[PDB]
Each structure stands twice: as C-alpha cells, then as structure tokens.
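J.: Sequences are here, hints too, so could you generate the full structure?
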Amino acid sequence: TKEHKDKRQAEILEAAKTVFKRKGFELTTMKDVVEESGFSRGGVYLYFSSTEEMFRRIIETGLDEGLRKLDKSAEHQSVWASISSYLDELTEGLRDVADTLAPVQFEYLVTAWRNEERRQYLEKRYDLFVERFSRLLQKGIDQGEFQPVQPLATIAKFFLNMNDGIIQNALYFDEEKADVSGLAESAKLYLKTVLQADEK
Amino acid sequence: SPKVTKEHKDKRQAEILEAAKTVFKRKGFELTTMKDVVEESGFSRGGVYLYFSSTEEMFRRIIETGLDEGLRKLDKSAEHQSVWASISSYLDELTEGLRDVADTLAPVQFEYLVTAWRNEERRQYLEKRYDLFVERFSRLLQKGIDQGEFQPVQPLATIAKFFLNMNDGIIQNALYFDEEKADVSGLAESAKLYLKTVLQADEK
Numbered sequence: 001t002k003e004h005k006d007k008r009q010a011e012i013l014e015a016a017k018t019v020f021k022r023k024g025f026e027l028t029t030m031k032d033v034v035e036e037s038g039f040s041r042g043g044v045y046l047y048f049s050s051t052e053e054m055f056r057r058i059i060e061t062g063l064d065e066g067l068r069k070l071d072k073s074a075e076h077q078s079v080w081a082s083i084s085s086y087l088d089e090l091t092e093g094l095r096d097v098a099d100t101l102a103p104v105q106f107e108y109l110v111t112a113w114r115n116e117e118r119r120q121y122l123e124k125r126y127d128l129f130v131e132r133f134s135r136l137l138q139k140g141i142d143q144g145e146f147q148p149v150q151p152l153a154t155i156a157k158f159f160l161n162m163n164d165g166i167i168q169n170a171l172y173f174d175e176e177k178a179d180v181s182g183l184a185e186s187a188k189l190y191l192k193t194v195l196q197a198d199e200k
Numbered sequence: 001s002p003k004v005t006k007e008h009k010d011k012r013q014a015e016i017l018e019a020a021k022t023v024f025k026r027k028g029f030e031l032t033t034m035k036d037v038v039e040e041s042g043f044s045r046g047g048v049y050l051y052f053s054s055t056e057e058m059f060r061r062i063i064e065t066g067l068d069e070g071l072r073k074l075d076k077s078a079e080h081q082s083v084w085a086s087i088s089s090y091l092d093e094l095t096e097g098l099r100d101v102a103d104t105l106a107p108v109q110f111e112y113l114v115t116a117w118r119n120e121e122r123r124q125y126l127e128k129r130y131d132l133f134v135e136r137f138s139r140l141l142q143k144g145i146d147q148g149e150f151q152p153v154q155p156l157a158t159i160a161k162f163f164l165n166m167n168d169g170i171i172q173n174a175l176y177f178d179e180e181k182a183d184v185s186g187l188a189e190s191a192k193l194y195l196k197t198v199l200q201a202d203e204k
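Those protein sequences? They're chains V and B, same order as listed.
The numbering of the first sequence is the numbering used here, which starts it at 1 and goes up by one.
The numbering of the second sequence is the numbering used here, which starts it at 1 and goes up by one.
Treat the hints as calculated values from the structure; they're not laboratory data.
Restricting the straight-line Cα-Cα distance to at most 27 Å, the calculated cross-link-like pairs of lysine-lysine (DSS-like) are:
{"hint": "1", "chain 1": "V", "residue 1": "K5", "chain 2": "V", "residue 2": "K124"}
{"hint": "2", "chain 1": "B", "residue 1": "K196", "chain 2": "V", "residue 2": "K188"}
{"hint": "3", "chain 1": "B", "residue 1": "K73", "chain 2": "B", "residue 2": "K128"}
{"hint": "4", "chain 1": "V", "residue 1": "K69", "chain 2": "B", "residue 2": "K181"}
Simulated DEER-style distance windows between Cβ atoms:
{"hint": "5", "chain 1": "B", "residue 1": "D100", "chain 2": "V", "residue 2": "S50", "range": "33 to 43 Å"}
{"hint": "6", "chain 1": "V", "residue 1": "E176", "chain 2": "B", "residue 2": "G148", "range": "25 to 35 Å"}
{"hint": "7", "chain 1": "B", "residue 1": "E57", "chain 2": "V", "residue 2": "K2", "range": "50 to 60 Å"}
{"hint": "8", "chain 1": "V", "residue 1": "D64", "chain 2": "B", "residue 2": "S44", "range": "53 to 63 Å"}
{"hint": "9", "chain 1": "B", "residue 1": "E180", "chain 2": "V", "residue 2": "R118", "range": "19 to 29 Å"}
Idealized CB from N, CA, C, for every residue including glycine.
T.: As structure tokens, then:
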C-alpha cells in the first residue's frame, strides 16, 4: 500500500542517514540502521537488502526532489525565474552543509574512478540529470524565454559542474572564502548569456 | 647563484618526485612507502631523507609543482600574447591534454583532497593553496585590465574561484566519463563564454 510503504521507507532511510552521517558509509551496517530506526529487523529487510542500496536510494531521492522543485516552480513562474530562484537559494541552503550527508556522498562518488560498477551507476544518474535539465531548458525555449547558443546537454553539464563546485566550496571553506553568493551570481551570468534569457 | 647549489637541490628534488610519482601511480597514496621511493629513485636512503621525511610531503610537493607549472604557463604565454589569448589557449590545451588523464596522478590527487573536509590540517593546507591560486590568477586578470583588455563586472577573486571550479569540473568529467559524454570541448567553450562576458573581453 504505497503511501504506507513510502512512509516506512522514508523512516528507515532517515535512520540510515543519521547513521551514515555519524559513522560514514563504510562502517555502517544493517544492524546499526535497524537499531536506529526503531523498527523490527524484518521490517527493515523487507524494503532494503543492504546499506549500499539504502545509500544510493538516498542519493536518488535527493536528486529527484531537486528536479521536482525546479519542474514545479516552472509550472508557476518562468523557467528562468525558477532556475534563478534555485541559485539565489544556494547561499542560504548551504550554511550547514558539513552536517548533511553531502560530504559522505561526495567521498562515495570520488572513488568511482576505480570501481566500474559504481562508475556506471554514477553515469546513469548523470545521464538522467542531463536529460531532465535539458527538458526544463527546452520548456523555456518553447515558452519563448531562451534562444541558446550552445547545445542543451552542454549547458546542463556545465550547470551540474558549477552547482557541484558551489556546494564543494561551502564544504571546504568558511563563508567569505567560499563566496557562494558570488559564484551563484557568476552562474546566473553564464546561464543568462548562453540561454539569451532577457527576463529581469 | 649560491655557488649554484639551489639548482642542484632543485634537480635532485625533481628527480625524487619523478620517482615518487611513478610509485604513487602504481600503488596509490596510502600504500606507498619511503623505501619504495628510495628504490625507484636510484638514490641512497640518506639522499632522499635529506629532502623529504615522508611520502605525504612528496605527494603534496607534486600537487604544488603541477599548480605552479599551470600558472607559469599562463603567465609566460601572456608575455607574448594578450591575457585573453593566453587564457583561451589554456582552455584549448586543457581539452587536448585530458586524453589520458586516468593514467596520471589526478584521480589519486582528487581522492586525497576530498577527505580534507574531515582532516583539519589537510583542509588548512588546501586553503593555503587555494588562496595562492586566487591571488595569482587575480594578478593575471589585473594585467589584462592594465592592458585595456577587460572591464570586469564581478570581483577578480570571484572570477578566479569560478574559474578554478569550472577547470576542476572539466578534468573530473574527463576522468569519470568517456570522451563524448564528458564533453570537455563543449565545457571549455562554456568556460570561454563565461569569461568573455564577465571580463567584458572584446577580442576574437
């Protein structure tokens, strides 16, 4: 029964998130999560067979929710306004990134260069982002907002790189040095230029 | 010019780091030992310990020489063409140079840098190098302003940091994905677009 299932899964994954943050990805076990969740062992192993399945689930849900937020916002304002609002939100949303799973996730992704199955998983998620973000940009073209001077897939990939760089800056440096606000303004300038967006 | 023993020391240090690189590519950072590097260098143990007390110090030295050499190339290029042409040429070299990046130390180095978020001394080390890069690249951009090439609409430091991020992202793309998917060429063209716009560069 989907909504019942979705809530139990969300609960198990919140417990897992808590353990992953505290212990890291590698040292976290099924028992740790089962204890932290307050559910029975069979209630957890119903929906998940391993911590790695859980870890990937959390990554996917975060990517999906971010794209959901962009898509929905673009049902209620311009595509350009939805993308700009995402970038403006970054200074405020990244204040306590070090206490989220972001760093544990970046460490997990970095070792994919020497683990082919993991690399292929990453690439699939990469591909999905490029496709979804390209589709958002195309909506903007269809609504007459944009006349891009580069391919949509290139713009999407560049966007992912600037976005990931901004998150990384907030993680590694104090606020003034990270300059999230200035990097987001630079990203906006790039997007406005490459998309020929004329909304202001 | 101190009876030239700075040159002799630089050359010996360079040789040891070449030996180290060879070992690091094979074994990774954590599994490489001093003995490994001593053997590979063809020098004596005392001849290596003269200059380095650990593999970590060597691994850092190799990251730094790479950054110093990237900056030197940019600065020297800008002595013989416009600052804009030098930055634009760098982004072209980068595209051509990333073919066999998986066979370099880059992925090992990226891994080492990532764990700085949970190792304060390593994070401080990273921050010192970040600051040096921002300062140097800002200086290059200022030369461009001096020569009437640019009128920037954002602070030089912000432009520098954005540049570093797009640069590292291009390298990462080449490391993690096949050639067509990585799209280094398109990303470099995007970087160029951004730089031209933010610098108000009017050269082609």
